[PDB]
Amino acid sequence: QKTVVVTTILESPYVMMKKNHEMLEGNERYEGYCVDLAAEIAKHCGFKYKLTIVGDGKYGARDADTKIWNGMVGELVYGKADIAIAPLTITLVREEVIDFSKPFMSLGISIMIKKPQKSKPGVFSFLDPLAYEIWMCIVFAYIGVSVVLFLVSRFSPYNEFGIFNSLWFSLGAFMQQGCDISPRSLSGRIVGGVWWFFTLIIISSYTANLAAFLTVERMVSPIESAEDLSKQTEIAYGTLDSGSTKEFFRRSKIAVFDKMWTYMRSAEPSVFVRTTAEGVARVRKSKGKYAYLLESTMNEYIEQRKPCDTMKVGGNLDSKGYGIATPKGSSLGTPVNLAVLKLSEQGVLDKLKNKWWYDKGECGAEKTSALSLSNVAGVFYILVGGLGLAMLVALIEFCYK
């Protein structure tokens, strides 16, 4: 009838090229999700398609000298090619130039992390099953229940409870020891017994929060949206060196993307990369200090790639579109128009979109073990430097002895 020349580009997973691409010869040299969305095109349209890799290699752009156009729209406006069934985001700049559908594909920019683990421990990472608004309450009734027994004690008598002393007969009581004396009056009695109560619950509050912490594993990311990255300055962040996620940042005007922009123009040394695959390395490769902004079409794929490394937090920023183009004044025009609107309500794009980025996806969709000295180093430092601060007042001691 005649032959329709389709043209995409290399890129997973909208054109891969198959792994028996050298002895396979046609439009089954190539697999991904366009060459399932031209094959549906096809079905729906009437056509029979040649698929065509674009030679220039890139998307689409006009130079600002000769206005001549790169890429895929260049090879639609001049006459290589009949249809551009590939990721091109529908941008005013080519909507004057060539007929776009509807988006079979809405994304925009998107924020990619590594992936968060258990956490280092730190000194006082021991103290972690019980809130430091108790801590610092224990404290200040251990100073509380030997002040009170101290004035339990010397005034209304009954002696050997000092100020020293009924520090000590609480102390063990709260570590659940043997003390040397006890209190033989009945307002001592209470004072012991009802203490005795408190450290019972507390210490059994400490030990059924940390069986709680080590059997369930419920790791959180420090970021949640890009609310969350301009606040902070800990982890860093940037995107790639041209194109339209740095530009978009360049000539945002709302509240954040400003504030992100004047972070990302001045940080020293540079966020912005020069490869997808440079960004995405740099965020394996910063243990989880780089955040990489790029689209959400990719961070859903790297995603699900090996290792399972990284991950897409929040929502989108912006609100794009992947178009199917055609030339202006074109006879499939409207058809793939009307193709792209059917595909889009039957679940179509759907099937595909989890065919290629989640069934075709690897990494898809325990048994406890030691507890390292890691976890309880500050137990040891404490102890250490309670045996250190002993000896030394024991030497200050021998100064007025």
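Numbering follows the first chain given and starts at 1. Take the two forms, find the largest set of C-alpha atoms that superpose within 1.5 Å, and that set is the rigid core. First, how it differs from the form deposited in another entry.
- Among the candidates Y290, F104, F100, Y301, displacement between the two forms reaches 2 angstroms at the C-alpha for one position only, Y290 (superposition on the rigid core).
- Core-superposed comparison between the two forms: CA of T326 displaced by less than 2 Å.
- Relative to the superposed core, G74 undergoes a Cα shift smaller than 2 Å between the two forms.
- With the core held fixed, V256 shows a CA shift of 2 Å or greater between the two forms.
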The other form holds:
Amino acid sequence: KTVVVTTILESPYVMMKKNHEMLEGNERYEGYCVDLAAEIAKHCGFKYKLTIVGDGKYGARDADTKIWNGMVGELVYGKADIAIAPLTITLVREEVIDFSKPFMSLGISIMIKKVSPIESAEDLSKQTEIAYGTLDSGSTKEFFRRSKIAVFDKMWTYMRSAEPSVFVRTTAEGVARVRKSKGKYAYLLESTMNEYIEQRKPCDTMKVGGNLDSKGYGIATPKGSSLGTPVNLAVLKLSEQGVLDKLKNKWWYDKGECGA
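Counterpart to the form deposited in one PDB entry, namely the form deposited in another entry:
Just the single chain follows, nothing else.
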């Protein structure tokens, strides 16, 4: 029995190869998440098929309709049996799906065009001259919405009541917006994504300040599934054996097509 895997087109997690016209099956994908899924399948011993979620959504809740979208919605409604993807472990998501142990630590970071005048997020919130936003239907926007710390509340009130729409559909779109804003737009995204972008050409973006908080990516399964314990054990074994270190080094530092 094959296992349907839902992923999202994200670099360096899932890339759609470069010469994929003649490729079929799982061989048309590449990235950290593809290798992680291969190792998970090898450890557990099942045959899997990689699939891209129809909507490029990580997972959220719509306007008071109690319907999950994206990869979380794909898992909840039985469309997929596992989600190997950069899916943040959050309280709201844990109540509907099971998360394994985190395989990669991360945090919220600020990305701007290439001493910065803002640096820390407090100066970013205090100064309204520059604009900042997040990725829609994600986990950073949900972090800012449900936050209670005053600086996060004022940041969220800025972003929600902003003209025009400060949110972006895809992190690539937000990166392009930051690059084309001539240093007038700031991006709030995951630290790993910011590092990967800043270590790649044309190297016109960079990360400022520290990390607002710390989270992690987990491998998600439908609630009450029979694969949660095997994937948890496989993730623990891979972390102990240094496979995750090797994969991160391969997909984040080994290429490094930038001078730094």
